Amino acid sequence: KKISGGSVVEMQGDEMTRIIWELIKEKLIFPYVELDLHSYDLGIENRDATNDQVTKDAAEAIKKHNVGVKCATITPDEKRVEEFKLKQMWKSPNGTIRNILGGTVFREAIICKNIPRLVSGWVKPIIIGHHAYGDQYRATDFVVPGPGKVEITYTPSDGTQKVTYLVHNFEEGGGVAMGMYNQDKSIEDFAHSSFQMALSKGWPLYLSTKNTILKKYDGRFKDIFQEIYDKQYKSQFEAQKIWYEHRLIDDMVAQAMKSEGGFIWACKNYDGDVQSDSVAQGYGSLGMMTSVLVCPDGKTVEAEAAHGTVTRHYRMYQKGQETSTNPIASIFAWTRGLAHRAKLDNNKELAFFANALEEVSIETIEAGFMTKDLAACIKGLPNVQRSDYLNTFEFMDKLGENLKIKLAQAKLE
């Protein structure tokens, strides 16, 4: 009696995450749930094999079936082109997908009692989202060769008066300059995703900006969030004993470091990249970072780990050496995905399993069975020895055993 899972769009990936991804399906997922799976290999060979079309096709499956679970993919730089002999430097799959689906990406660390956090006292979860990976990806930048006047202009499409804003008047040398933009359409999406992520998770929501300085730019993020909230989300927030409030980023950081957690943060940063966030990097185990892509309708969810393909470990695997790669984030991609499926289907057996799997993963670590990065968090890297951790299979085997027990006992009721 396997569980009837329903329609899920799976997306296979590259390197160490592919290798693990399979272990998850075989050892933790398929022995218990029969899915109407809709796989899409997005490993770099096949993306190149199809001219990055398989990426676009997965994005459309996700729209239709409302549930995606994606493995980590190689985004090609120059050296990967030469390494796989690619036809061209294909765009990052994650951006391709999120452009098609609209909506917003939220990351969150998985927190275990026996794993130190930067801030002890952070005990309820911190869930942060950025506006389409950041304001930097919508920047038009160039060098100013010599003296002169840089300006920005609005050209009403109808054809009423132009308006010109002097940016700077370079009077005695060169420099650099750039323009940045955001569409209302897009800010509204960010709003709806954030509010609806908050209702779904049950915590309150904070929008941070720098509207002391960017009065009109960050202003209009605030006013849009406020109009949308006051017009269509307040009653449902009140009903969950939660709220939305805008903060100055200055205020918002000071609070969040003096807090216990349990909130949604809509950061209006310039850079949304995980790899440049000091706190995310500071936990000291990127393998405990989940992500989720929520769309402005509330139905459509795509889940995935926030780390990369772990190329450094992958090269060791190929040469047949020990690896201690952390599967958690990838495991939680499946459980968040499956959980949301269950939400849409009103499928209590799936919801139980999903939660169960998340539960066991933390429990397993808390008993003191874990991968090297987590032991390193406990003891310190120079102090870690081989008998403090399990390799990638030993930890996956352990999670299988503990999952068997959990569900076997849990059945008796």
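Residue numbers count along the first chain shown, from 1. Think of the rigid core as the biggest set of C-alphas that the two forms share within 1.5 Å after superposition. Compared with the form deposited in another entry:
- When the two forms are overlaid on the rigid core, CA displacement between the two forms of 2 Å or more is confined, within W203, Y314, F221, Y283, to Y283.
- With the core superposed, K113 shows a C-alpha displacement below 2 Å between the two forms.
- Taking 2 Å as the criterion, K162 counts as shifted between the two forms: its C-alpha moves by at least this amount when the rigid core is aligned.
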Given for the second form:
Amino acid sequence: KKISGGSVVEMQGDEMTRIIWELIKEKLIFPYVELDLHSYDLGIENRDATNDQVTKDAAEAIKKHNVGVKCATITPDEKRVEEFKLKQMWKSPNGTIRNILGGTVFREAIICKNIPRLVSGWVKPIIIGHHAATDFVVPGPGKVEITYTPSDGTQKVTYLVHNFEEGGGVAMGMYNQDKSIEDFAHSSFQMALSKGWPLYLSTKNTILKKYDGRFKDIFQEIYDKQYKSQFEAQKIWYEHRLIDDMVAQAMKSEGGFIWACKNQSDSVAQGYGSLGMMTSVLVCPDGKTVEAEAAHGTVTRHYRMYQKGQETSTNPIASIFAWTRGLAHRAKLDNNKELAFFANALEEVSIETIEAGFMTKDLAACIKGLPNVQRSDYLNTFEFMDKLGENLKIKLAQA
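Having gone through the form deposited in one PDB entry, I am curious about the other one (the form deposited in another entry); can you provide its structure?
Single chain only below; no partners, no other molecules.
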């Protein structure tokens, strides 16, 4: 008989990840967990048919139920508008969800001992969260100034940005509200306590002494009053770092830390060919609400090959870890030891399978190099899923 998993918000997506998403639910989730499943179809056609209302409804559902797991979605461009005859170029579902939920996105790579790392000393995962303007054209010579006028009008400060003396150019003003900085701190501290890992904040406060110093000051202030004892209880710590020193410290580290960045990771994973092993999680500052997803997109290029009949080796691990992280967080909110056990076991099974030599083409290329990858070096998407299912069944049986 199956585990009671509780309230989970699920969002269905597009193209290749949609296929893998259902495979995950059929093969890996539903045979072992029963869910009070709040399910929303963020497929592109249904977003068009509902005028993006389903996107907003999914976000309020995550807000209500604290656990969202999301499949990758097409963000419409002009060519997508014609492909599906869209009513309009709908806004990114991801931007809509985070706008409604707030919080900070943290990315984490999944490490297998048989898989090379970009920096080989990184033997434990590193978790990175980023904090997330008015620009214009200067037609010609003249002063660009930026002014602050307090609501009392008691004073007024006019800062010189630049006096253009030879021709024109460009200029911009940008800002941050304290509250958004504070939320960034709380999410970062909540992430470190949840993971049991130390936390570092990197800034350029040597250069942006006021702008970035505010990030350092608000992080330290919130830490001292609200998290320092909770950190000491888990024997973790928080420290600010100049970005220069953080880069060097990280490259000489073995991993296992949170890195809050004040200035993204998925582009480096894509260059390295490890996007299928990179998970993503949006952490709201309340410490209660989480939205988990893969860091990659719908993998359109693999989906076209699948549509034309050709065989596909798309990596499902990041999509799988979206479910494990969501369910693990659901278990923590509910004190569900059986669900917590299942979520961890599925992560172990995923890593053990790869470390036993059964992997998708991307992983094999990471070991050998793609110009040396023969077809027997890897499994296709569906073989790999079957293999994970066999190994998951065994792991759960052997207990």
